[PDB]
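Student: Take a look at the letters that make up each chain.
Number of protein chains: 8
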Amino acid sequence: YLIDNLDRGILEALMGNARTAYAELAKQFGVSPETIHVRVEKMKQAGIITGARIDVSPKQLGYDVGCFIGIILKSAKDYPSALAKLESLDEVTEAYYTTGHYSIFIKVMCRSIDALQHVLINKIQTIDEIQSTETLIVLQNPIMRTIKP
Amino acid sequence: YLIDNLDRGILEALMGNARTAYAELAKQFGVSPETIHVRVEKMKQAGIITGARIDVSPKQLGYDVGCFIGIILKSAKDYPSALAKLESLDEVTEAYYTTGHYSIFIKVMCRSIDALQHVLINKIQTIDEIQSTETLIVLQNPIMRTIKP
Amino acid sequence: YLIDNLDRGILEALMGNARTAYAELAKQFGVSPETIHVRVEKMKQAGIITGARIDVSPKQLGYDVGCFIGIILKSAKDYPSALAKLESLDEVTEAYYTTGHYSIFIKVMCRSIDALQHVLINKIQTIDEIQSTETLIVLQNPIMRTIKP
Amino acid sequence: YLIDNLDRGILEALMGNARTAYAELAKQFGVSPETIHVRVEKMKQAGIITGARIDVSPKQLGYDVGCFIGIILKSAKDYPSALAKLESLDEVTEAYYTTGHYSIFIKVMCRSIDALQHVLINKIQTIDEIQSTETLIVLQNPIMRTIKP
Amino acid sequence: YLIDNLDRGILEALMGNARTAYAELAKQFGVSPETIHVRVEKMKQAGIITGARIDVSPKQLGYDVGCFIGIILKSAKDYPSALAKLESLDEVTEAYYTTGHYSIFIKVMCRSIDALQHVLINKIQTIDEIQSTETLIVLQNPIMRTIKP
Amino acid sequence: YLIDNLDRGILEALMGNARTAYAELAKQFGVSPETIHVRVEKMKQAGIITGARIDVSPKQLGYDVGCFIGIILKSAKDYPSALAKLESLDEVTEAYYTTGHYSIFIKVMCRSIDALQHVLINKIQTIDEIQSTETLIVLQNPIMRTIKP
Amino acid sequence: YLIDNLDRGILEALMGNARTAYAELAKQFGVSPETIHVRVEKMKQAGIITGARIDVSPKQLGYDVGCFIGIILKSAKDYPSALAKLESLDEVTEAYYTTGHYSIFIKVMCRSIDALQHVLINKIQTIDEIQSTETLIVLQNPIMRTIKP
Amino acid sequence: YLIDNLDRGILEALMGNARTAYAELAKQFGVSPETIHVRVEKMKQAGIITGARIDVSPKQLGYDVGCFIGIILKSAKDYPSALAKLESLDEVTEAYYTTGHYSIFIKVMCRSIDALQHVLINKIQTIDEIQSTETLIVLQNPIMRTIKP
Ligand SMILES: NC(=O)C[C@H](N)C(=O)O
Ligand SMILES: NC(=O)C[C@H](N)C(=O)O
Ligand SMILES: NC(=O)C[C@H](N)C(=O)O
Ligand SMILES: NC(=O)C[C@H](N)C(=O)O
Ligand SMILES: NC(=O)C[C@H](N)C(=O)O
Ligand SMILES: NC(=O)C[C@H](N)C(=O)O
Ligand SMILES: NC(=O)C[C@H](N)C(=O)O
Ligand SMILES: NC(=O)C[C@H](N)C(=O)O
Ligand SMILES: [Mg+2]
Ligand SMILES: [Mg+2]
Ligand SMILES: [Mg+2]
Ligand SMILES: [Mg+2]
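Residue numbers (full-length UniProt numbering), protein chains in the order written: chain C, 4 to 152; chain E, 4 to 152; chain L, 4 to 152; chain B, 4 to 152; chain P, 4 to 152; chain D, 4 to 152; chain A, 4 to 152; chain Z, 4 to 152.
None of these hints come from the bench; they were simulated from the model.
Where a beta carbon is used, it is the ideal one built from N, C-alpha and C, also for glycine.
Be aware that one or more of the hints could be misleading.
[What the hints assert, rightly or not] In the DSS-like style, the derived pairs of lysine-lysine whose C-alpha atoms are separated by at most 30 angstroms in a straight line are:
#1 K88(L) with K126(C)
#2 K126(D) with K151(P)
#3 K88(E) with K77(E)
#4 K30(B) with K151(L)
#5 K80(B) with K126(B)
#6 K110(L) with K30(L)
#7 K80(P) with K126(D)
#8 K62(E) with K62(C)
#9 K88(A) with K110(A)
#10 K80(P) with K77(L)
#11 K88(P) with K88(A)
#12 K151(P) with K62(D)
#13 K30(D) with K151(P)
#14 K126(A) with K126(C)
#15 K88(L) with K80(A)
#16 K151(Z) with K47(A)
#17 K80(D) with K80(Z)
#18 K88(Z) with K77(E)
#19 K151(C) with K88(E)
#20 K62(P) with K151(D)
#21 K77(L) with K80(C)
#22 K80(Z) with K80(E)
#23 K62(D) with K62(P)
#24 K62(B) with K151(L)
#25 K110(P) with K30(D)
#26 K126(C) with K88(E)
#27 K88(A) with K30(A)
#28 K110(C) with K126(B)
#29 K110(L) with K62(Z)
#30 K77(A) with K110(L)
#31 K126(D) with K110(E)
#32 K88(D) with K77(E)
#33 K47(E) with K110(C)
#34 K80(L) with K110(B)
[What the hints assert, rightly or not] Going by beta-carbon spacing under 8 angstroms, a handful of chain E positions derived as facing chain D:
#35 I124
#36 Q128
#37 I133
#38 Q134
#39 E137
#40 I140
Kindly generate the complete structure, drawing on both the sequences and the hints.
Tutor: Written out as structure tokens, the structure reads:
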């Protein structure tokens, strides 16, 4: 699905506030309230727009220890089953199959280093395909934002 | 600012759909349409709720090359100045001060390897504090989700 | 257990000399010999004060080769049993579960490199969960001190 | 200064409790209350005994973040000057010149990751000799003990 | 087989264009069309000249993602059988037994990172002798040429 | 410029022998001696076909030491200037800007380790941008071949 | 066995030439031909002097490729048996149990990279305890000498 | 200068004992006392035989700390100047320009870790070209021997 500058204008608007009214964007882009409705709806079926949701701040919820963990597996064919075990875990918010040293690269979000220690040892490291982990503790997270379409 | 099980119930709901009706949640948890408005508003002044926005899929917008780049600097004191230069780059969506080998650990989102090559050489590696970069290219991103509060 | 500046004053005093008399600290902080007795006793049940002991110098006892060893295990779930085997060894004075490359990070204190070689090969490396060790020999240990509460 | 089995017997006792009575040890080993006073005093002038102090638990005093930091310098001759700057930092409890990758290997003791981040950026990495740091965060410290002489 | 400067002159000529006529090189080097024919033929039986072929450009055929992959095997004796499995794959254009970290170092030529991901996971990583891969994605390939005999 | 199965059929043939007759291929695929001339000529203006050349074996010409060298630079912005110096070296047959640890990844082809040592010290490492090199020496090169389009 | 400056004087002399006559050293150090005989003989039973032998030059015997190899074993307890297999090999001239990454660090002396390749693959890498090798090829060996007692 | 089986027979003999009699070797191989004198003398002018010297054991002379040090330089062109400074150090017994991570790979022979620490800091790391050292300490040296020609 290709994308007008009308589509981009809508996305910028609704990416900053989901509740900015379609009738205000019509006035703004010089189109009808109705095309705006339809543009948005095409982008939903395209899979571009995935939902409207409140954004939350994990830190102000007391997640003081976020980290990335590189997982090294005992053998590389083990990725699909390792992944299946990891995904059952709520502390794992992201996971990637990347270049470089690691088989899997994941983010886990934890409340304390005591919590992180319990997850590593008892939830992640017990996963039988896993030979080693290397976790990179976030001490500061100054930039967090979005693609600017 | 500590939260109770009503605060969580509200969050779980509005993190799935920003647009669900305060009036349904009132019926759901057995409370007043007005306590829900207020709880949400406190979490806002708390900084727990940061906004209501539509979520977008970069893949569907043609961002086929996600990467994490680890930045190593000429000397470690250089971190504030390198950060300042990187944050002006819109292709940098995230940045972390972490443990381990790198000074700064960033995500860039790009459309192609040709684009990514242009950004590395022209925008990132032209930054004068930066000794070397190591980019980890995402081939697969099977888990992307949120803290489940 | 929280801590006055009376508590800190006592700790500084008794951390430099266990035998500095309670009746001298009373004079010094303008309290009774009896509160000092009781402050110390609360900190003992708190677990803050762990004991009074003579400090010894391993070097003047002929421990010329101290080292840290990073242990890499064949698989990560192996930590609890590896640790249980290590702890039986008197040359292992410390052990840590850390971030980074190693599964376990330990200090061993030895008299000579001939001694260190015998321990590595015959006591540590015979531990069956262990795939590799990497030992960092201390050549100089210029700072050794304490948290300053 | 070489030690016999009376010297060890004395050490083992006073390393467990600084306060045990010379008079009990005399009865224990079958010697004079006065030879024990003297043996201890020689070990003191030998530098084998360095003091009698209370031991403190950092954890109970709220030091939840222990770490080892490996320091890499811009050039290796810089070791004496970097050491001098680090030793003025009270959060650095230990420092080693070791083998392997790092120029200086230090322990810092901190209350939180927020504190540790402040010390890294503001106190440690502002040291001008220092190219990069690599900090290993302690998640667990199951063995902490002494040479058993 | 040793090599005149006549041999080199012929090779330079025919390395730039296979179709440069033998009767033009005769004029050029002051020999007969017939020795040129025979020189070339000796170099063919020597194995120096391996063929005449059109050179193609993989990039203009839409190979946007070339890479090198370092293969680490579970055990080193495994090289011959790993290699035998790899060679069945058309995306593997080169392979080397090198010094350094890797057991095998290979080039694979792919159309997209989606393609590369499918090969890694399903063709290369399924090879049972393989413990890990590390792939170095080519972002730019500015020099590609030949030995200049 | 997209290609059909006639374009591939032509390529497969002329990549094996540049000299096979357009007239045989016409009979082979059931088309005109003249459409084959034209298809080839379009692929030429497309840049898909770059030439017809004889292939040479470096081994048979006495190049016993092939190597890949990873170049690390003093600062990453230095890549264009280091590249320019390397490309003047005829022993450098290939060069890549890749991911991972190195700034530039090159192939050099040499006759002996004595030669290779002379090139490293005298021609490559004299380049002023270059902090360090890491050369991977080819001991075996069992697969060398082409994209199979 | 402790060592006079007479002992050192003899060793320097006989280390440069085994055939420098005892009666010349007597004149030189102002002692008898007979003490010199006896000094040397004590050092032999001490094990200090191990033999008199011609020194050879491997390079002028056509050993163009010397190397060090770091051996990584599948598990660390495997050292004694790995070593026993290695020692049967004539190309292995030295072996060390060292700190750092490798289980065993060895020197092998070879005539060519073709020879080195055959040894690695067929003699060293077939040793079943071995997971990986990393070989450091000597390109230049400018200093080779002796302790100066 | 190529050698036959008489040349080898001579070498094998005199590499075991420099002092065995030319007259016994003549009887042994069935040749003239005089051809043996001559063969040896050619190998001398060839540079194959470099001397006859007594071999010494460093261990028995109290060298308990052998090490290999890998030297990394600030820039790679610095190799000739760093070498020149190192070769003036008598504790450096060997030095190599090798492949892999290090610029220079050296052996130092030392009596204690206290000595080795003094040499590193005061003699080696004071060399201004040197960014960092990595020393591998020998704990065991089970194989030490010669090419068997
Ligand atoms: N995630 C993976 O297994 C990819 C692997 N680290 C590579 O680059 O080859
Ligand atoms: N980002 C930083 O500079 C922190 C550094 N990687 C450390 O662990 O010490
Ligand atoms: N000690 C451990 O297993 C922790 C591990 N090295 C990590 O950082 O993931
Ligand atoms: N601390 C040092 O500078 C010693 C260095 N890491 C070495 O092993 O050579
Ligand atoms: N390809 C190999 O197995 C060689 C190995 N990486 C070495 O240098 O020892
Ligand atoms: N060649 C480069 O500078 C790219 C670098 N190795 C990276 O991955 O970021
Ligand atoms: N050779 C060994 O196994 C020693 C090991 N590399 C260590 O330093 O712990
Ligand atoms: N000693 C050197 O500078 C050579 C370097 N280690 C390389 O492999 O390229
Ligand atoms: Mg959102
Ligand atoms: Mg104490
Ligand atoms: Mg060709
Ligand atoms: Mg000798």
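Student: Compare the structure with each hint and give your call.
Tutor: Tested hints:
1. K88(L) with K126(C): Roughly 23 angstroms separates the two Cα atoms, so the pair holds.
2. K126(D) with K151(P): holds (17 angstroms)
3. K88(E) with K77(E): holds (15 angstroms)
4. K30(B) with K151(L): violated (38 angstroms)
5. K80(B) with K126(B): holds (21 angstroms)
6. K110(L) with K30(L): violated (42 angstroms)
7. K80(P) with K126(D): Outside the cut-off at roughly 37 angstroms; violated.
8. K62(E) with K62(C): Answer holds: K62(E) to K62(C) is near 27 angstroms, not above 30 angstroms.
9. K88(A) with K110(A): holds (15 angstroms)
10. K80(P) with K77(L): holds (19 angstroms)
11. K88(P) with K88(A): holds (29 angstroms)
12. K151(P) with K62(D): Cα-Cα ~13 angstroms, so holds.
13. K30(D) with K151(P): Given that 30 angstroms is the threshold and the Cα spacing comes to 38 angstroms, the pair is violated.
14. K126(A) with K126(C): Violated: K126(A) and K126(C) sit about 42 angstroms apart, past 30 angstroms.
15. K88(L) with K80(A): holds (14 angstroms)
16. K151(Z) with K47(A): holds (24 angstroms)
17. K80(D) with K80(Z): holds (19 angstroms)
18. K88(Z) with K77(E): Holds: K88(Z) and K77(E) sit about 26 angstroms apart, inside 30 angstroms.
19. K151(C) with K88(E): Roughly 18 angstroms separates the two Cα atoms, so the pair holds.
20. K62(P) with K151(D): Holds - the C-alpha atoms of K151(D) and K62(P) are around 13 angstroms apart, at most 30 angstroms.
21. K77(L) with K80(C): Roughly 17 angstroms separates the two Cα atoms, so the pair holds.
22. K80(Z) with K80(E): holds (27 angstroms)
23. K62(D) with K62(P): holds (27 angstroms)
24. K62(B) with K151(L): Holds, at roughly 13 angstroms.
25. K110(P) with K30(D): violated (36 angstroms)
26. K126(C) with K88(E): violated (39 angstroms)
27. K88(A) with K30(A): violated (50 angstroms)
28. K110(C) with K126(B): Holds - the C-alpha atoms of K126(B) and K110(C) are around 28 angstroms apart, at most 30 angstroms.
29. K110(L) with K62(Z): holds (27 angstroms)
30. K77(A) with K110(L): holds (24 angstroms)
31. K126(D) with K110(E): violated (37 angstroms)
32. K88(D) with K77(E): Holds: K88(D) and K77(E) sit about 23 angstroms apart, inside 30 angstroms.
33. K47(E) with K110(C): holds (26 angstroms)
34. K80(L) with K110(B): holds (27 angstroms)
35. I124: holds (7 angstroms)
36. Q128: OK, holds: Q128(E) within 8 angstroms of chain D, min 4 angstroms.
37. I133: Because about 5 angstroms separates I133(E) from the closest Cβ in chain D, which is inside the 8 angstroms limit, the hint holds.
38. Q134: holds (6 angstroms)
39. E137: It holds, given that the least Cβ distance between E137(E) and chain D is near 6 angstroms, below 8 angstroms.
40. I140: holds (6 angstroms)
In the structure shown, a violation is registered for the earlier hints numbered 4, 6, 7, 13, 14, 25, 26, 27, 31, in ascending order.
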